[PDB]
Structures are given as C-alpha cells and as structure tokens.
Amino acid sequence: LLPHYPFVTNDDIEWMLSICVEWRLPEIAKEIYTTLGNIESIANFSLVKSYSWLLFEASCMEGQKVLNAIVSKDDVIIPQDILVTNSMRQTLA
Amino acid sequence: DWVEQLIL
Amino acid sequence: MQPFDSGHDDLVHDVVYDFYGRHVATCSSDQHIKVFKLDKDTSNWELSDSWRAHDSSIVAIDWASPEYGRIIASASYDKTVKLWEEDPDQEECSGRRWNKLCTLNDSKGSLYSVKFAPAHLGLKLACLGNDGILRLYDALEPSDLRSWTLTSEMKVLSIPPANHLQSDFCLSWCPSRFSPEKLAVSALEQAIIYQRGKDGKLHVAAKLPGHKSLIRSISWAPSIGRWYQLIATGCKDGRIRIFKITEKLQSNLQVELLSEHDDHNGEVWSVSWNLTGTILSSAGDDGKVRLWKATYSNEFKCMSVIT
Amino acid sequence: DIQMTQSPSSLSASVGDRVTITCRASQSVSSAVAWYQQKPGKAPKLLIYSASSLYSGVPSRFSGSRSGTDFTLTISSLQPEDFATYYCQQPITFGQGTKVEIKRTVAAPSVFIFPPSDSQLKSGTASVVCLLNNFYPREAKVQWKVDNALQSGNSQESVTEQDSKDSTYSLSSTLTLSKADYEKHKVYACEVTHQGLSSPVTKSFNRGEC
Amino acid sequence: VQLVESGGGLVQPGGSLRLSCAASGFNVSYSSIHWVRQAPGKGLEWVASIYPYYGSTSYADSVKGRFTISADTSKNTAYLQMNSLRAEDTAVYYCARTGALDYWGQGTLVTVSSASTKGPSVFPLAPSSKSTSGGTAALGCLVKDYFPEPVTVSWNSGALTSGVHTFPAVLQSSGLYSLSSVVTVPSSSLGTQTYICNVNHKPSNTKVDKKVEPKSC
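Protein chains in written order, with our numbering: chain A, 20 to 112; chain B, -7 to 0; chain C, 97 to 403; chain D, 2 to 211; chain E, 144 to 360.
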C-alpha cells in the first residue's frame, strides 16, 4: 500500500520513511527514494552505478575548475546531516 | 579524515 | 468532471493511467500518442503533449514504474514496439516532449498488446501480436534505457490461419510482489497463464477454461491482503468471468471459477481493476459500466451501474 | 555582517510594464538569495529561493536571476495587485526593501478646511485641519497661513496608501496651537500647491464666525 | 500548514516577554525556526534562529545577551524569551521556518514603553456651512492624544465605507498620537442623514460614538 501514498511535502515523505522504519521495509524505502531521485537534485541525492556516474561528473567538474563542496571537505546543520567514495573523491579534488 | 579517505 | 475532446482524428484504442492517477496516456489510429495532465488548481484534464509515434494504428499503451522515470510504451499494427521517456526540459504541446528510447522490430506480425512488468522485477515488458508469439524484453542496465534485450519468446498459438480479421490478444502481469513471477495471456478463445520456472523460463502453468468466443479483455487483480490470485475476463459471448487461482497437468496452480455475469447482454469489451483489487469494472455493448465488489462468501456483486 | 543593497528603493510602473529590482551583496554570497513580497500589515510571502527557483504556486510572471554578485527580481507584466515592498535576503540579512507603486494620470485634490471644535478649545488646545482628497501624484504641498503669516514647525501631516481602484492619494494636515494663540488671530487658511492645480488653492475660515 | 504566534503585547521597558510559535504541517524536528522583526515603517530584521536538529542557536548583535531562542520538539513549539526590553525592540515579531523561509507566522506586535495607556479624545470635524449646493461635502472626527497605538475608526457602525479615509497616526512631540478620519457625502444630505464615527482604543478599553453635524449659530 505505502508506495501509493500521495506525498508532496517533506513531512509526508518522512512519514512514509518512518513507517518503513517502524515496519522494516528497506526495499520499499529504497524504492520510494529511487522515485525521489528521478544538478541540485543530484547533489541532494549524493544505485552503485549511479553513484559512480556522480563521481565521474564531479571529477569532470573539478578538472574543468560551492557551499556543498565546502561541506564535503545553516552550515552546521548541513555538516551534521552529512555526518560515499564518490563524495570522498570530490572532497579530495 | 578527508585526506585519509583520499589516500584510500 | 465534464467530457473533453482527445484531439484524435481516428478511433481511440487505449487509455492508461500513470502510477499516481494524475496523468493519462491515449493512443489512436491516427498514429498519435497524447498525454494529459490533471491540473491541480483547476480540476480539469488538459493536454500535456501530443505526437506522431507510429507508421500505423497504435493499439496498446502503458506506463512504467515511477522508480524508473517517466516512461511510456506503445504497440502498433506496424509490427513494432516503441519506448519513450519524458524530457521535462521541453514545452508542453511542443510535440517534442517525449523522446523515443528504442524500437523493437522482432515481431513479424502486427502487435495488439504491451504491458510493463511489476517494478520488483526491473524494467521488463511483454508483447503479443499476429505472430502468436509472446515476447519479454528487459532493460538489463537501468541506466541505459535503450539497452533493451529480448528476454524470452513463447509460442502461444500454434497454427494461426492466414484468413481471419477476427483476431484478439491480451496481456496482464500478476502485480503481486510476494508471489512467483507469472502473467496471463488471452488468444482468441483461449486464455493461458505462464509462470517463471526454476530454470528462468516461462512454462504454461494453467488455462482459464469456459470462454466460448473471443476474449476482448483480461486483467490480473492486485492481491493485496489475499493469499490467492484473481483474474477477470470480458468475453465476446457476453460474459464477465472471475477466476480464483491458488498455488498449493504439471502445475502447482489451482483454478476456480468464482463468477460469471451476463448483465451486459452483448460483448464485454473492457475489464479493469481497483488499485487495491477491491473493485472490478466492466463495460460493453449495452453502453453501460458496472462496478463489482466481492461478497463475504467470495462471490461477486454489482455495487453500481453507470451509463 | 553582510549588507544587501536594493536598487531602486522605490519605483512607479504601469500595469503590463516589465519591472526590475536589483540587490547587491556587501560581500560575495553564493546563490543563497531569496525574494519576498510584503503587503502592508501582513507577513512577507516567499517568492524566490536559491536565486532563481520559483516557489510553489507563485505566478510565473515572477522570476529571479543572478549575474555574479548582482541579483535580479523581474516581474514580466505588472498587475494592479502587485503593489508591495519587495525584499532580497541572503546572521541572515535582508535588503532594505523596494516599494513598488502603480503610475497613473494626474488627479487634482479636493480641499477642505476644518476649524477646531468647541469641545477641543474647551480643553486648552486648538487643532485646525486641512484635507486634500483623491489626488495624484503624491507630492502635494500644504502651506498654513494665520492672518496671512507663514507658519513653520507647528504642523504635521500624513498620507493614505494608494487607492486600490483609482490609484489616488489623500493627505491630512494638522495645525496645532494653544487656545490662547488660536484666539489671538482671525483668518485661518490652508494653501495647497500641486501638479494638478494650475495655481494654488486656498481654503479658509474666520475664527468664531459660523 | 501553519505557524502560530502568541504572547506579545504591551511591556514596560527593562521588562520581559516570552513569545511562542506553535507549528504544524511540517517536521519541526529537522526544521530551523527563525524570528524576524519589523519596526513601524521599517524593513525586516532577522534576530535569531535555532536548529531543531542540533539545538544550535544564533543571534543578531542587537539582541544578543537579552534574547534567548529555544524549542520544544515534543510540542512542536518554539520560543523567544525577551529580557531587558527596550523602545528599540518595539516591532511586529514574526516566527518563520526553513527546512528559504517558506512558512510565516502571522506576527505579533510587541510595544515597549512606560507611558500610561491613555484613551483618546474625539472631536468633530464639522461640515462647512458653505458646503457647495448640489456638490460634495467633507466631514470627520479627530482622534487626539492617545497612547499606545492602535486606534480603529468606523462610520455608522460599518455601514458607511464609501468615500471614507482614515489617515495614519502622527506622533506629536508630546509623545501622544493623533489621527484623523473623514468621509465625503452629498451636501444635500447634511440636513437629512445621520453620520456617527465609532472609535475604539483597545489598550485603554475606550469606545466612543460621536455624531458629526453642522455647527449651529
């Protein structure tokens, strides 16, 4: 049933997730999230293949060469939330 | 930490 | 909720809802595919995009799970199956909002149906046509929505006579997530069920006996809550049929007939299910739509008649 | 602390006109800039976030853009309901605001003078009031005269907000005197100078006459 | 979705007030609550914020050491405790949230001063005896010497609204406010219709009704 929940807000999604937790539906949560993932959006997202692609993109951007990058290396909250290989590589770059 | 993850 | 014009010149064959029920895909003989959007503010349906997609009459259509993006599939009499993906970076009604992702030409006969498989199996799909051969296709690498390989081919019918305009074929996967992969197929008078074997191949696991004419429609019902499966069929003999399938000549599948209904007095063209498989719909010659609910005894009763 | 400078601080534009408001950050902030609209007497309403993302439900005539350290809010076709103060935002700091009004044809004021009531004098003070009704533009000049002597420092004025239908202003001016000073003089007059007026208008009364 | 703000009003200087912001419709626990204030006729001033996630708080220089922002995730409610309040702190106070600032409090007015609440006096602005025949006349009421703001004015209990202008108050050098309200009516109705102005000053619980008519000689 849950996958059909008419979520819109952030809270709606968090509710869904909370129910996936409460019932232990990691495959469901993984799917819901997959639906959410589908530049800023990509940054927010940062399955294995996708992560690899994101890594490659980051590398390309670095070779070509802001807040997100600093966080990887309001702000405190972001650092707390952040607290993977692709990410580490981008941070190194 | 960031430089230990880059070396890995 | 007043009627509206599709924008099609020739007769319309299929209409399908997206996952959220806020979008609709239409395909007609004028070789066009239209996509409508349900505006939040003004509760009206308004054309999102229209475009020419085939060289012949487009008969079937279907949406893929949202967890794979915005994807539509079409089947036409031009012996092909095409796949499209919405590009949000295009104006609506521009005719360029949906890019062809691929084409499947393996069929050597016109195609009558195409259905995506349940998301819990990956981007998968099936198709059936004049050649009487069901084909399964898989988008092996979910990143390459062009990498469509052919997963399987099965001969449904064996000897289709070269002189019959009277042809009908239908598909419907078992939506169930916690049940072994399987799908239903109708071919003329026959209706048979396929199930994935341990060998990763499709085998005929049963047949739905009783049809005394052409099967116009079939759909597998969502078995949320139940331990059994239910599939309904709208035959040309004027009867709606509801079969109960339980798994406990070489099958592991049982087949019960739960109901039969002739209330339509004429051919039953469309048979559809609820999102919960709680309501079943039927439409036919009498120009009426009937909604059915299940009794406590598991019989089916008409809870309303629209016209 | 970061300063956000909006230009202009005030503007007048016709319905259907394209309107541009700019905001310059003291130092280099990143696209972390939002635009708001505030009607008078009400909470601000978000228009734009991340410099160029349109907040959900907001009419598409509103758009945001960035060029380096210059942030731009654009209204592609100004509507009568769009009068407000607009604010940019990057401690969190807000720009000083840009007031947007609707421009229209000149409208001359109607002028009225009111003597102090008996009840007011009755308490020791005398307020004389000059009303300028339904005019445009806002810049009207009131000059009080008492027995033809110019007055300064003993008057105050205020102006209504623009009328929502005809776009005019009204203005009230109050001349305040002691009862004693009021009683030392005969002719009380308010002289109004305004674009719509081809020459100044004077309304007056004589103290204690009817 | 809705923020709710309560607990402002009138407060003596050096005094204290706790403002509440009761939230609903969103995840208080991962949001940030901000307080932004607006002094009469001025722009918006951000004073403080709190992360409900980390509990981190921060403050504008102008309120630091006097204002404390806090939050109770278990009742979805945030607070701003305002100590040693000053005239400079008089303002409408808004609570707002971030997950930009998409959700805003309806605002509550904090007025900070020692002056006693004083009801206004209400005087007629009587229609000129020289009012033009077949023309338009003006009449009004002058609402003088009250503190603090605000005052409201209606005509004929709300039944007369057309041609009404109620002006912004001005602050006299005495420290008391004055405002005027006027309406234009046809001249031929001065003999025949009744015009009554209705003034309310909630802070002092003053209500006055004053009939405005031409002066007799």
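Rather than coming from a laboratory, the hints here were simulated on the basis of the structure. All C-beta atoms in this analysis are idealised placements derived from N, C-alpha and C, irrespective of residue type, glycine included. Honestly, I wouldn't trust all of these hints.
[Claimed, not checked] Straight-line Cα separation of at most 25 Å, BS3-like style, residue types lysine-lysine; simulated pairs:
#: 1; chain 1: D; residue 1: 142; chain 2: E; residue 2: 273
#: 2; chain 1: A; residue 1: 68; chain 2: C; residue 2: 220
#: 3; chain 1: E; residue 1: 185; chain 2: D; residue 2: 187
#: 4; chain 1: D; residue 1: 142; chain 2: D; residue 2: 104
#: 5; chain 1: E; residue 1: 218; chain 2: D; residue 2: 142
#: 6; chain 1: D; residue 1: 123; chain 2: E; residue 2: 218
#: 7; chain 1: D; residue 1: 40; chain 2: D; residue 2: 180
#: 8; chain 1: D; residue 1: 180; chain 2: E; residue 2: 345
#: 9; chain 1: C; residue 1: 344; chain 2: C; residue 2: 294
#: 10; chain 1: E; residue 1: 273; chain 2: E; residue 2: 354
#: 11; chain 1: D; residue 1: 43; chain 2: E; residue 2: 358
#: 12; chain 1: D; residue 1: 185; chain 2: E; residue 2: 261
#: 13; chain 1: C; residue 1: 297; chain 2: C; residue 2: 344
#: 14; chain 1: D; residue 1: 180; chain 2: E; residue 2: 185
#: 15; chain 1: D; residue 1: 204; chain 2: D; residue 2: 146
#: 16; chain 1: D; residue 1: 104; chain 2: E; residue 2: 353
#: 17; chain 1: E; residue 1: 273; chain 2: D; residue 2: 43
#: 18; chain 1: D; residue 1: 146; chain 2: D; residue 2: 100
#: 19; chain 1: D; residue 1: 146; chain 2: D; residue 2: 104
#: 20; chain 1: E; residue 1: 350; chain 2: D; residue 2: 123
#: 21; chain 1: C; residue 1: 251; chain 2: C; residue 2: 196
#: 22; chain 1: D; residue 1: 100; chain 2: E; residue 2: 207
#: 23; chain 1: C; residue 1: 308; chain 2: A; residue 2: 68
#: 24; chain 1: D; residue 1: 123; chain 2: D; residue 2: 43
#: 25; chain 1: D; residue 1: 204; chain 2: E; residue 2: 350
#: 26; chain 1: E; residue 1: 273; chain 2: D; residue 2: 187
#: 27; chain 1: C; residue 1: 308; chain 2: C; residue 2: 384
#: 28; chain 1: C; residue 1: 303; chain 2: C; residue 2: 251
#: 29; chain 1: D; residue 1: 40; chain 2: E; residue 2: 185
#: 30; chain 1: E; residue 1: 354; chain 2: D; residue 2: 180
#: 31; chain 1: D; residue 1: 123; chain 2: C; residue 2: 136
#: 32; chain 1: E; residue 1: 345; chain 2: D; residue 2: 204
#: 33; chain 1: A; residue 1: 49; chain 2: A; residue 2: 68
#: 34; chain 1: A; residue 1: 49; chain 2: C; residue 2: 297
#: 35; chain 1: E; residue 1: 185; chain 2: D; residue 2: 46
#: 36; chain 1: E; residue 1: 185; chain 2: D; residue 2: 123
[Claimed, not checked] To give an idea of the chain E side of the interface with chain A (calculated C-beta under 8 Å), a few residues:
#: 37; residue: 170
#: 38; residue: 194
#: 39; residue: 200
#: 40; residue: 295
Structure-based check of each hint:
no.: 1; hint: 142(D) / 273(E); verdict: holds (24 Å)
no.: 2; hint: 68(A) / 220(C); verdict: holds (19 Å)
no.: 3; hint: 185(E) / 187(D); verdict: violated (41 Å)
no.: 4; hint: 142(D) / 104(D); verdict: holds (20 Å)
no.: 5; hint: 218(E) / 142(D); verdict: violated (56 Å)
no.: 6; hint: 123(D) / 218(E); verdict: violated (57 Å)
no.: 7; hint: 40(D) / 180(D); verdict: violated (41 Å)
no.: 8; hint: 180(D) / 345(E); verdict: violated (30 Å)
no.: 9; hint: 344(C) / 294(C); verdict: holds (16 Å)
no.: 10; hint: 273(E) / 354(E); verdict: holds (20 Å)
no.: 11; hint: 43(D) / 358(E); verdict: violated (40 Å)
no.: 12; hint: 185(D) / 261(E); verdict: violated (30 Å)
no.: 13; hint: 297(C) / 344(C); verdict: holds (20 Å)
no.: 14; hint: 180(D) / 185(E); verdict: violated (36 Å)
no.: 15; hint: 204(D) / 146(D); verdict: holds (10 Å)
no.: 16; hint: 104(D) / 353(E); verdict: violated (37 Å)
no.: 17; hint: 273(E) / 43(D); verdict: violated (42 Å)
no.: 18; hint: 146(D) / 100(D); verdict: violated (34 Å)
no.: 19; hint: 146(D) / 104(D); verdict: violated (32 Å)
no.: 20; hint: 350(E) / 123(D); verdict: holds (21 Å)
no.: 21; hint: 251(C) / 196(C); verdict: violated (28 Å)
no.: 22; hint: 100(D) / 207(E); verdict: violated (30 Å)
no.: 23; hint: 308(C) / 68(A); verdict: violated (51 Å)
no.: 24; hint: 123(D) / 43(D); verdict: violated (40 Å)
no.: 25; hint: 204(D) / 350(E); verdict: violated (32 Å)
no.: 26; hint: 273(E) / 187(D); verdict: holds (18 Å)
no.: 27; hint: 308(C) / 384(C); verdict: holds (22 Å)
no.: 28; hint: 303(C) / 251(C); verdict: holds (15 Å)
no.: 29; hint: 40(D) / 185(E); verdict: holds (13 Å)
no.: 30; hint: 354(E) / 180(D); verdict: holds (24 Å)
no.: 31; hint: 123(D) / 136(C); verdict: violated (64 Å)
no.: 32; hint: 345(E) / 204(D); verdict: violated (36 Å)
no.: 33; hint: 49(A) / 68(A); verdict: holds (15 Å)
no.: 34; hint: 49(A) / 297(C); verdict: violated (28 Å)
no.: 35; hint: 185(E) / 46(D); verdict: holds (17 Å)
no.: 36; hint: 185(E) / 123(D); verdict: violated (38 Å)
no.: 37; hint: 170; verdict: holds (5 Å)
no.: 38; hint: 194; verdict: holds (5 Å)
no.: 39; hint: 200; verdict: violated (10 Å)
no.: 40; hint: 295; verdict: violated (38 Å)
Comparing the model with each earlier hint shows violations of hints 3, 5, 6, 7, 8, 11, 12, 14, 16, 17, 18, 19, 21, 22, 23, 24, 25, 31, 32, 34, 36, 39, 40; every other hint is respected.
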